[PDB]
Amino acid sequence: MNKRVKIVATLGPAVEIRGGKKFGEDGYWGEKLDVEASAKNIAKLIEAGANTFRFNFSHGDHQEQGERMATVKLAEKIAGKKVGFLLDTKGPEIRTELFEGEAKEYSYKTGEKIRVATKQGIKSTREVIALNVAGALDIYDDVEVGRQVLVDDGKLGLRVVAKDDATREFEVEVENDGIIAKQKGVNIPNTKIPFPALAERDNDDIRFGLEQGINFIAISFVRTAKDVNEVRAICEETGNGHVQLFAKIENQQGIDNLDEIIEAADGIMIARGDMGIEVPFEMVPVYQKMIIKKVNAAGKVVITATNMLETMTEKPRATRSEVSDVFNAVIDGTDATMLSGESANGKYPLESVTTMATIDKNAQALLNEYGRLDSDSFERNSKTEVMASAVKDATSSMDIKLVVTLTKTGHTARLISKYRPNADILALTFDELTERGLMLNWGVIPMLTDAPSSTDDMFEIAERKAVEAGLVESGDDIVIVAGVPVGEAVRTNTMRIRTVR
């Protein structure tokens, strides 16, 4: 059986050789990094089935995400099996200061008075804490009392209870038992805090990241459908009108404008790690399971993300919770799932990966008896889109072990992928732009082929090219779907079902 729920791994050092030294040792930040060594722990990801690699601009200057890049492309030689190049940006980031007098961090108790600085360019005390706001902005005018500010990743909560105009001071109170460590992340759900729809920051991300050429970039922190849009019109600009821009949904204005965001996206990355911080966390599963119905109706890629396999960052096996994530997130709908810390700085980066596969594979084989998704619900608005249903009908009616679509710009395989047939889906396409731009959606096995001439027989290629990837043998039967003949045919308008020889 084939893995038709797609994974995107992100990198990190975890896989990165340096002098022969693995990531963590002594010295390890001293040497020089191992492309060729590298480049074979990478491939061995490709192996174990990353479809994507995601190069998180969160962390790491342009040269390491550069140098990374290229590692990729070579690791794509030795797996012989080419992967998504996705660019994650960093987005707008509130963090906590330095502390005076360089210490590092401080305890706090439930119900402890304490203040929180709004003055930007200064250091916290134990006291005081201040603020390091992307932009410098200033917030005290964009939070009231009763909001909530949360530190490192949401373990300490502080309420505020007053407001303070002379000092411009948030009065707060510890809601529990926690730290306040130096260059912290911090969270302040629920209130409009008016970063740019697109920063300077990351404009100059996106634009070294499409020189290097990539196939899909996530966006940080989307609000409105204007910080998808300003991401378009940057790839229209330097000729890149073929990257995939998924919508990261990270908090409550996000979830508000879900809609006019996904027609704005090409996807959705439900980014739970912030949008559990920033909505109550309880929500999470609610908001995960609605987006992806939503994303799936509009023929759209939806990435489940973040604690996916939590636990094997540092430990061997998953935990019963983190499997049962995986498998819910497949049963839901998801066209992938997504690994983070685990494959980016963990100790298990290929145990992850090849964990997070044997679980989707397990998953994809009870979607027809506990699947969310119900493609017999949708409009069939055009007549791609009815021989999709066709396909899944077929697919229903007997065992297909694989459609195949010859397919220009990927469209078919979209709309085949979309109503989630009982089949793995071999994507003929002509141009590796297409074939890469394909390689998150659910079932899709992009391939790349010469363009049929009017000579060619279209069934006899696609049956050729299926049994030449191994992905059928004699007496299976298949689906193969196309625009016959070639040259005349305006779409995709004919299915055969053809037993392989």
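Numbering follows the first chain given and starts at 1. Between two forms, the rigid core is the largest collection of C-alphas that superpose within 1.5 Å. What changes on going to the form deposited in another entry:
The two forms, fitted on the rigid core, differ between these two forms by 2 Å or more at the CA of residue 170. Taking the rigid core as fixed, one finds a CA shift for residue 101 of 2 Å or more between these two forms.
Right, and the form deposited in another entry of this protein, after the form deposited in one PDB entry?
Coming up is the bare chain, nothing alongside it.
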């Protein structure tokens, strides 16, 4: 039984061995990276069902990101399985500054009046919190009285009660006991700081990633189509037009501009972490269901992200609410589920991937009964999509073990995936860029093969590659689609129902 829901696993120090030590043992950052022992840990995540690795450029310099990517290339050869490479941009982050005295945090009590400095390049005091704003912007004129400054996952609340025009400080009232640590995430909901459509830092991170070799870019805090189009222009300019863009929807503007963002992007990452601080937390499930339905209707990819197995950062078993979240993401229609801290920073990265895969594989068997997606309502807007509808109809009419598409660009695999057939989809393609580019599409098993000649029987090929990969055996029924014959067919034009020999 193959996992149809794809897993994005964030890499980090959790899987990295340094001079024979695990993450957190003292002196770990003293030692050098053991590339081979790190690659063996990553290979186990691949074997357990990670389909794509996320390189979070919020954390770690270009040297760290570049070595981690090179480590995954070894892991793929140990696992005998390729994975997608996804770069996630820093974007317009605000962080608390370093503290004076090297005193790494202070604790505060409800009611207690302090100040937030807008002035950049300074250090924090306990009385006056300083912010590291992306691109060193001045945020003073953008934040009115009665907004909230939220530190570390919205855990510590600061109410802006007055502004000191003379020092450009917010006069803030602590709303609840809590810590302000150095370098923690800050959110200020319901404000419109003029961050550029694409900051220089993100331009540089993307160009670096494109040079290493990536398949996907997840763009943090996408507010408009313009934030996607500016990254598109760089991919185009550098000969990386094959790279797919996922817009991260994590604030109100992104939700408000969702339709134009979906049209410009290849896919959406539902970035629930920031989204649930930036909009009312109880609205996130409403927006999750609505985004998955819209992205599927567009024939594009949706990733559900953040806190999916959060408890597994510290414990070997997830909570009942975490298992419920992963299961309900699948039923809602998600193409992919994601791990952040659980695979990057936690004690149980392999078990986190294994647990998510178990949940995902169980949930896919209930899509027939409880699935929210309804392919019956779609307009079939092309002949390939007409063939994708007919494939879904065959897999509803009888027990089909596997759909096989011979796909030059993956267009036929994406359309079949959009219809969510009751079968795995083997996408036989003729280059590695197309192969890796399909790795986050629901149900698609990408596989590299030789371009078939005008004299080759593609139905025989389809069956032999399915049997070689161990996906079918004697007596199984499969559906095969292709453009026949090669050199004359302009598109996928043929469906065959075949019993494996």
